[PDB]
Amino acid sequence: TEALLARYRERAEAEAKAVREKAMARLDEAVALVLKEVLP
Amino acid sequence: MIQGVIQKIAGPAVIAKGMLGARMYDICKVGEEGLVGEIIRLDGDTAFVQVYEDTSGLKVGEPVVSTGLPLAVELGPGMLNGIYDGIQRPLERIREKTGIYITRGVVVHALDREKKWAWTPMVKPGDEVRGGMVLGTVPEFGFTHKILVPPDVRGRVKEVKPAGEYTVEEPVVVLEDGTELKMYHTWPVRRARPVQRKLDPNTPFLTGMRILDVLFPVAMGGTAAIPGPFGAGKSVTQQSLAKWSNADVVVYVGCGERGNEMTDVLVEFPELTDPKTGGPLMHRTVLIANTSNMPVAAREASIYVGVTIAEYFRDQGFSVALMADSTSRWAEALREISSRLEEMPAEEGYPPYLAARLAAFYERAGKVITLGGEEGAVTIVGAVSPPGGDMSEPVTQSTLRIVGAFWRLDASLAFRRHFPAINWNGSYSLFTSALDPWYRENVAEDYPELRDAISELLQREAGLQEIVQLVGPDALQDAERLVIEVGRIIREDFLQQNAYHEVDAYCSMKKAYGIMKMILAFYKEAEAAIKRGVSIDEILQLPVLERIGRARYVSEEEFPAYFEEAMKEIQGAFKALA
Amino acid sequence: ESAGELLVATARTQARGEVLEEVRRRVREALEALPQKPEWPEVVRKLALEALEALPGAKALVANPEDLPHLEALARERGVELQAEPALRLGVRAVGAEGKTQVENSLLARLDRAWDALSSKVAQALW
Amino acid sequence: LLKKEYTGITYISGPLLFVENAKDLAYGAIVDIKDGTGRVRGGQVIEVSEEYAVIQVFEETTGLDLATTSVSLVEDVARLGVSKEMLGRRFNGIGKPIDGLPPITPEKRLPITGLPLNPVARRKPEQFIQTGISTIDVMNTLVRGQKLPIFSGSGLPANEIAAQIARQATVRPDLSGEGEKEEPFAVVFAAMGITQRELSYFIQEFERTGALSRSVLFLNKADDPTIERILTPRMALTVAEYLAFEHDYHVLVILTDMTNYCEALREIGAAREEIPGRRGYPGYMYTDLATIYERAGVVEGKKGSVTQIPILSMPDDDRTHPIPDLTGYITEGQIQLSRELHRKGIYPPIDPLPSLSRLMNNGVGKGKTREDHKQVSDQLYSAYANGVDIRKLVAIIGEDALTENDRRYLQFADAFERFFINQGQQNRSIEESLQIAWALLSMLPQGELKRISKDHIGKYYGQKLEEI
Ligand SMILES: Nc1ncnc2c1ncn2[C@@H]1O[C@H](COP(=O)(O)OP(=O)(O)OP(O)(O)=S)[C@@H](O)[C@H]1O
Ligand SMILES: [Mg+2]
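Protein chains in written order, with the authors' numbering: chain I, 81 to 120; chain C, 1 to 578; chain J, 61 to 187; chain E, 3 to 470.
If you are wondering where the hints come from, they were derived from the structure by calculation, not from laboratory data.
One or more of the hints may lead you astray.
[Claimed, not checked] Derived BS3-like pairs (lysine-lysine); straight-line CA-CA distance at most 27 Å:
id	chain 1	residue 1	chain 2	residue 2
1	C	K8	C	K115
2	C	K97	C	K17
3	C	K59	E	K6
4	E	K456	C	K59
5	C	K511	E	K452
6	C	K531	C	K510
7	E	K368	E	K466
8	E	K452	J	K106
9	I	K116	E	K456
10	C	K511	E	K456
11	C	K568	C	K511
12	E	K466	I	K116
13	E	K305	E	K86
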């Protein structure tokens, strides 16, 4: 049926947004780490 | 110690410059990793080195150091019950320091230096010693391993270690000129070890396979080639020989073949029993493994390492069977190296000296009086893998000129599960005549006549097959139908042998003689019945054929009584025809 | 009926990949405009020095004209000519002895060649 | 790390170019070739000297000039970034994704040529694989850790059989003595020299049944650069080895057409002007095919396994052609499709007489499949061979009138071909295939069925051919 597909796509986009949210805090920390590693 | 740098890298071949003074066929350590290589061409200040290990990642300018010595193996206690790579490195100790993958540049002693051995001297101070004499003995696995003087060493004994536990590195004998003699010595793999005399081979190499031991026998010091297409059963025959033959020591060389076969040997052999002494089969065995995906240049080294180890065990008075899993892979390695050398190929791309190398390898076999005065032998069975099954390819043809036995496998028999799949029409043996006195003395006085009659029956059956295909089996006389059926019986009940059956895998000479006697007695009685007006239909329906067919599954212990009851049943059946 | 697994896996993959791409954009924009920090001569000195570490002998070093004089200690020591190309922002490149070999240390190139190894740690730290 | 560039290009001809200086380039290294337009090509150092290094360009050399072309080092050893999220993805055969999803995050960067397995570290392949095909599972059974090619012709349905095996292959741990919940199983699929039509077929097949989720696909198209066909099995086996020996996966590897790979290898070798072989193929083709195939197997102390099924098209159905000849010399057996069985409408057209599984004899028995497996297989082979050798004598004699027991085998042979071999898209279990085999064993229990001595007759005989 269509309902299973709709529920799966909605939960998939929701958890994608959740992973984005829980990356958002550490984005700048990772950026600082990469900046300190690339520079000699 | 000549030291140079890498000038050029192209596959397994490295040009080293600054090597003025390096000697032909000396071992070199290539690169910072110290990869083992061998010089095969010298040109001005440079040297051409063939690397026995992978050359990936080598960089121009890395040092190349020549050891000043040719490719040599360490010969002494500790080789039995072991597996080695192409240049005699223990694969188990390589694993225990490297993991599940074989990385290059690993250095490890061929003989365990920390193991103690029970030294038992035989010489005394003041004795004159020549090459090949026995300094003393050490027990390895029930074998009495003899510590031999190196073949080039002569002198007078100054000191002898009393007794006890020593390692192979501890000098057990010291000569008056300061020459210390250890439990081991090195020998160049490309030099045949000297012997006093070559003897004529007068005893059979019992393989346990009926067709080979009966129709195409090989003598104790002989050589045999077993070429065939893929899946014909070369390796199965080699492993059957390793399991069941009467050799004191078996050396198996996996030259460029599957690793799963070497693993199969390593797993199964410790559980099997040595047919001679009764101990575990692996204590009899030395494995030299260079799988197909191992470095290609190491195949040639592995062949020489195997044959040199076999010769060393021959020098101690043992009879040694050397199995080469495929000499075609060694030939292909030679072709690749020759192509790197820009040599002009002779035939199908092989170098022109291929036949010379094969002849020098197969010439090391033979029954000899060793330098120590004992009698030893090396038997070589070398498998060949002709491309597309073409027996006209250079390796097969150059092999046939030197081998004494030719065990030709057939694809048509292998497809139809008729194993061992020996083409008895194309095969031959040149040792059959010379072994006749031994067969008469040890099996039966009339054994050669039984064998000749069986071969004649096979010849007649093969001839009548053409008439069968032309006219049809229905429209030929009952005598020829009897010949056809007796040939079928011979094939399926005597020539066929299941190497995986717990009983059929091994067959003694007397069991084969009994089966031949059964078949020939049945044939003569059925021929008399045909002359007696008996129709072949009821002859073919006789239950005695079931006894004849099941004879080969009878164990060696039961077979002497089964043979007697089968003889009586054969008599009674054609007596009952009246 | 089983397409939900494909949807969830695709969504998570797209999310993580877009997040990593955003991290790349952030780090490349922050890596831009290094000379605005007055500590830049001290790092570009080592940036030029590692070029001479790579090249046992260099004929000349090429960079933005304003970036040249800060590195001229190496010019005095090695005798390397200083060559100007303003398009070579945030980087140092050198010409070998024969002119055939050359090395480049532009910051964007270092980021591009390091990101493949760095992403393994970045993804684990980010999640 | 800093980037060094070499501008000393002195010679370009065909696929090779020479770079002067460049003694810093290690042998076998991977390089990036950049021309004046900014396009970047790939290349591999195939020969390095003091005076120059020799690079084989991955693509065509069109557009390269000695004035502006620059060569730079990428890595001394070709490596592939691998991770567990590769499952469900697709790649072009050089590692680049072609599924539209973003690139994976590399957990490890393994060299793509691998390293030889130490023979003392291996163990004997001992667990069978249920492919769902009776003529394989019963008579030529596939064992975890085996390499077992499928020999096929140009007109035979090899791709369909490959897809069916990929869909149906399963571990069957319930029958195993070590009964347990199923261990992870995965399929790595490598397509070499494949057409767009076959690619669409495979993508549709993997999508329509969800097998894609437990699969990794490497797809090299026929119009892709020829070097990517060489590199494709390296990437596939690198991924398979990573999964199996670092995450305990049971990996089944399928190589779609090794004939295309060997044609690519011949092209590359002739480009390098090597010594030729039997039919123009390089003399070292055995070594290369061995370095591909020998990577399969089972390792002592590790739960995972790698199984290979290389499908190849025998040119002109000639088994003595170099490709099938060397493949048979390397692999442990072969599955050969019959064109005559294809003409009779039988699918899958596997001919059991010339097919062989070397590792079969130690992969079946008690605790593995059923206790009667080997005896049943022996009996089926013997009976089918007897039927075939009866029908071949009928042609020469030209007489249907023959002994009564012969007609039982002719009928047995016809029923065997029409029911056991001919199974269509049915996913027969090993128990189902054994039931079909025992039903086909309608021959006399003792007067016939005498090739293999067995007392399993009292347990399984008497079936009346009834189907579902
Ligand atoms: N004497 C035999 N008894 C029983 N089975 C046999 C025998 N010889 C061969 N076979 C079978 O046939 C297969 C072929 O084995 P081998 O003869 O070892 O192959 P080969 O001659 O080494 O050729 P390859 O595959 O290129 S190494 C074996 O795995 C067995 O299944
Ligand atoms: Mg073999």
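Tested hints:
1. C:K8 to C:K115: Roughly 42 Å between the alpha carbons, so the hint for C:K8 and C:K115 is violated.
2. C:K97 to C:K17: 33 Å, violated
3. C:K59 to E:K6: With a Cα-Cα distance of about 16 Å, the restraint between C:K59 and E:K6 holds, given a limit of 27 Å.
4. E:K456 to C:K59: With a Cα-Cα distance of about 64 Å, the restraint between E:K456 and C:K59 is violated, given a limit of 27 Å.
5. C:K511 to E:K452: 23 Å, holds
6. C:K531 to C:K510: Violated: C:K531 and C:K510 sit about 31 Å apart, past 27 Å.
7. E:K368 to E:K466: Judged against 27 Å, a Cα distance of about 26 Å means the pair holds.
8. E:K452 to J:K106: 85 Å, violated
9. I:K116 to E:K456: 74 Å, violated
10. C:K511 to E:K456: 25 Å, holds
11. C:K568 to C:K511: 17 Å, holds
12. E:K466 to I:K116: 78 Å, violated
13. E:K305 to E:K86: 17 Å, holds
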